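Just one chain follows, in the form solved without the named molecule, and it is written as C-alpha cells.
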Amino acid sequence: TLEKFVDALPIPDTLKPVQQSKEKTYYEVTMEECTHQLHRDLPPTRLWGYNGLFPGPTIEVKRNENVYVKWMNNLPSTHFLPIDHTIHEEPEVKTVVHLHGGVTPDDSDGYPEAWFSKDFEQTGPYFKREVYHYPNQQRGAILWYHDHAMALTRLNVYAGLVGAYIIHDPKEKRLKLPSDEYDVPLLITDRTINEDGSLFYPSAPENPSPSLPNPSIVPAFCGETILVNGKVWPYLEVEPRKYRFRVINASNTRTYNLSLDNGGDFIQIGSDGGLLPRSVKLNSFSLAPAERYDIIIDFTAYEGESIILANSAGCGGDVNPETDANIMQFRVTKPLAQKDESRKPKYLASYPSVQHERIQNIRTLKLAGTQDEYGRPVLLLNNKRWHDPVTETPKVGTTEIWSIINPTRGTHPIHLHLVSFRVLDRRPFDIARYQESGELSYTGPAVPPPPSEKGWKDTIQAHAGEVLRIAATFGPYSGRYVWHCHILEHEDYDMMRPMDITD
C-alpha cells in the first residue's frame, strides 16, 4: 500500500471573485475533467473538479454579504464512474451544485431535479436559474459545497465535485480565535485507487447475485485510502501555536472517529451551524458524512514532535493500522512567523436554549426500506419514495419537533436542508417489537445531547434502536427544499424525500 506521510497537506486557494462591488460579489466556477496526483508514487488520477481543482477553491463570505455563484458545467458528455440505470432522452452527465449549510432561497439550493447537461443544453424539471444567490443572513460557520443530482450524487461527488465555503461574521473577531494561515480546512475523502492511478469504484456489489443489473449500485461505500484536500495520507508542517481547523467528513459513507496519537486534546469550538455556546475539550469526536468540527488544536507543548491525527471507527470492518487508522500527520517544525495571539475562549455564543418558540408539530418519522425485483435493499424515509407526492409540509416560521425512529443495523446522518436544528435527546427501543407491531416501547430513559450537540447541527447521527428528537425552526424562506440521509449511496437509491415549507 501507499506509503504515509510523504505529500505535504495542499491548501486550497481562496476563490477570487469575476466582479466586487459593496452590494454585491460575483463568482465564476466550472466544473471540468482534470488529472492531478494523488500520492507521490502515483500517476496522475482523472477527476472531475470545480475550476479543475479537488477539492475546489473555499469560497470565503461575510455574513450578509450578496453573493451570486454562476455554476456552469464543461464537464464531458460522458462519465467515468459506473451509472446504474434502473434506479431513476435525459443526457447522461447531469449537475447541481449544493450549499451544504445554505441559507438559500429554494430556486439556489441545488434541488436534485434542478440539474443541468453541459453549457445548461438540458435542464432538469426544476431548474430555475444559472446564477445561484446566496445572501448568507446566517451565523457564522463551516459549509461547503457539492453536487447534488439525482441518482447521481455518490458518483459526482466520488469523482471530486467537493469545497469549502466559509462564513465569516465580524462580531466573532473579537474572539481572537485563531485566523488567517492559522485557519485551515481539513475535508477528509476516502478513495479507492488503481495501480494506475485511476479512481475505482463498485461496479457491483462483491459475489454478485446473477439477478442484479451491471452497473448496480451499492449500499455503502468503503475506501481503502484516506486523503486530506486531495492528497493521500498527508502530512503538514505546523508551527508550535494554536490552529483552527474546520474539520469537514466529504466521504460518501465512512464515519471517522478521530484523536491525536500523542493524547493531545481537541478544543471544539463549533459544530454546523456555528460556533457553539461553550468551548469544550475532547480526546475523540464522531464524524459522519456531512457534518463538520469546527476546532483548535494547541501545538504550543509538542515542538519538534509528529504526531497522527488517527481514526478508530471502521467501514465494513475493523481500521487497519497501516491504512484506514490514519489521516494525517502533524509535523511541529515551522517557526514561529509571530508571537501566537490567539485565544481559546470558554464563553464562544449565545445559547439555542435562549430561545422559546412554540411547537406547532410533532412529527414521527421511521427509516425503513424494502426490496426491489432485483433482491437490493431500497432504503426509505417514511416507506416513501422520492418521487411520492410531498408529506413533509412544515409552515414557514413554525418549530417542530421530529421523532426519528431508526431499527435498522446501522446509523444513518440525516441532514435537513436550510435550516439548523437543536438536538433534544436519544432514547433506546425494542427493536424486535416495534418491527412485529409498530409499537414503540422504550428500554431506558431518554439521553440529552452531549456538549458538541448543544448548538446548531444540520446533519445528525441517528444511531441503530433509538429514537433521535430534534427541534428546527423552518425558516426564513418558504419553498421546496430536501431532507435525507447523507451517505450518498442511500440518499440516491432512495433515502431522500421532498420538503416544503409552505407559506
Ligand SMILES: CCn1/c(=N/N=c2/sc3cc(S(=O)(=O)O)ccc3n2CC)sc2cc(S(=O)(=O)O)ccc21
Second form
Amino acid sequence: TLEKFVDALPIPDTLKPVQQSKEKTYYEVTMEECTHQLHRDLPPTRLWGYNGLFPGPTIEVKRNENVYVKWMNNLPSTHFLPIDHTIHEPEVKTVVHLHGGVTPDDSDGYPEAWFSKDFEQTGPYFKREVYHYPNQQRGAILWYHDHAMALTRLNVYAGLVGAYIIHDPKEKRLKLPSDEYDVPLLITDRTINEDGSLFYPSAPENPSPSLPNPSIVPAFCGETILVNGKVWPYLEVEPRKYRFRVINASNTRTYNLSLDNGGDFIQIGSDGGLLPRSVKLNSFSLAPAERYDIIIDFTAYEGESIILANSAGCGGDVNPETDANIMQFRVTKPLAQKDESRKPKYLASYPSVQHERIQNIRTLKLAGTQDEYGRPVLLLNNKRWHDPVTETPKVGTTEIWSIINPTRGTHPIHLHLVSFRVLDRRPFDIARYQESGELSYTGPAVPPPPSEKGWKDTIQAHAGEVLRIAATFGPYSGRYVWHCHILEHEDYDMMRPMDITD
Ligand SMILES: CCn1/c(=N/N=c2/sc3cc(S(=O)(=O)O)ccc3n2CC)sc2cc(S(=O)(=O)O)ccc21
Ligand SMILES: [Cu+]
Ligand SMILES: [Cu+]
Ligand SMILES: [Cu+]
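Mind giving me the form deposited with the named molecule bound, seeing as the form solved without the named molecule was just shown?
And the full complex, kicking off with our chain again.
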C-alpha cells in the first residue's frame, strides 16, 4: 500500500474564459485522454479529463452570470475500462451534467443527449453543442461530470469530474474565508494497479458461469482514497480559518469524516447553498454527489498534523492503514496576513419561511428485479428507464415525495433541476411491506438534523425507512431525470425520466 501523506494537495486552477463580456461568458472544455501521477511512488496513470486535467478545472461564476460552456469530446473511439454490452452506436458516448445547476433541459446533460468524438453521432435527445447556464440560483457548491447512458459509472471513474462554484455577491458581507483560503476538496476512491493503471472490476467476485463478461457490478469500493487527484495527500495550511467545499465524487463509497485531533467542522452550507444557521459538527456523513460547505478553524493548532479521517466502511469495515484516511492537514504555513474571515452563526433566511401549497404527493419505492443472468437490477418504483414517464410534476408547483426504502442499504437519491427541503424520516416493517405492500411505521417521524435544514439535491434514503422531501418544480419546464447517485446502480436502470409539464 502506498505511503500516506507524501504528495501535496493539488488545487485545480480556475478555468479562464475564451470570451467574456458584461452580457456573456463563454467557456470551452475538451475531454481528453491524458496521463497523470496520482502518487509519488506510482508510474503515470492513463486517465480521461476535462481539458486533460484530473480533476477538471474549477469553474467560478457569479449568480445570474450568463454562462455558456461548449463541452467537447476528443477522446479515443474505444474505452479503456470494462464495458458491459448487455445492460443496454459508437462505443464512447459522453454528455456533461452540471449537478445542482438550475438549467434549461437541453443543457442539463440528459443521459440520452450524449455525443461521440467531435459530435459525429448524437443521442436521440441531443439538441445543442454549447450548454447554457443562466446561474439564477443561490450561491453554492456545484460539480460537473459525465452522465452518458449506461456509461456513467465508467466515464466518471475514468476521471471526468470537476468543481463548479456559484458566487453570490450578497454573501460577501458574511466575510467567510475566501480566495486562497477557500479550497475545494473532490474525494474519489480508486483502485490502482502496480503499473499505475486504473483498475475497475471486469465482473463480480467469483463470477457465475452464466454471467456476461464484462459484467456490471452492483457496487464499487476502491482500495485507495484520493483528493483533488492525489492519493492520501497533505495540505499545508496557515493557523487560521479556512473554507472547504467538500465533494463526494466517488462511484459508490460513502464517507463519514472527522478530525483525528478531535477538532470540529463548522458546516455553513449544503448541496443547495448556505444553511440558515451554522452548525458545529464533530463528524458528518457524505454519500456520493453530496456536498458540504464547511469552515475548519486551524487557529489553535499551529504546528500540528491533523488527519481527515473516515469511519464509514465500503463492502467491509475500514482499514486503519488505508481507507480510514482521506488527507492530512499541516498547520505549518506562516500567516500571509491577519485572519479577517468570520464564522458567523446567522448565514441565511430559512427555507421554511416559504409557504407553498402541496399540489401533489408521490409515493416512490426503491426496489428492483433480477435479470436472465442472475444479476440484480435496481429499479425506481419497479419501472425501467425506458418505460413511459410517470413522475410528471407541473411547473411552478410543489410536491411531497415519499421515498420508501425496503432494501438493506442506503440510497443517495438525487433530483435534477430543483433544490428541496427535507421533512422527515420514519422506520417501517420491511417484511410486512414486502409481503403485503402495506406500509406500517414502527416509530414516530424523525425531523432532519441541522445539517439537512437547508436545501438539498442529493439526499440519503436509509434502509427500512420512509423519507419525505418537498420541492417546487421550476423555474424551467422540460424533460429531466431523478435517480440514485450510486453510479453502479444508476447505470443499471435505477434512473427515471422526469417531465416538468407546463
Ligand atoms: C437492493 C440492492 N441489490 C444489490 N445491489 N445494491 C447495492 S450494492 C451496495 C453497496 C453499499 S456499500 O459502501 O455503499 O458497502 C451500500 C448499498 C448497496 N446496494 C443497495 C442496497 S445486491 C442485491 C442482492 C439481492 S438478493 O435477494 O441476491 O438474494 C437483492 C437485491 C440486491
Ligand atoms: Cu451528479
Ligand atoms: Cu442505489
Ligand atoms: Cu443525475
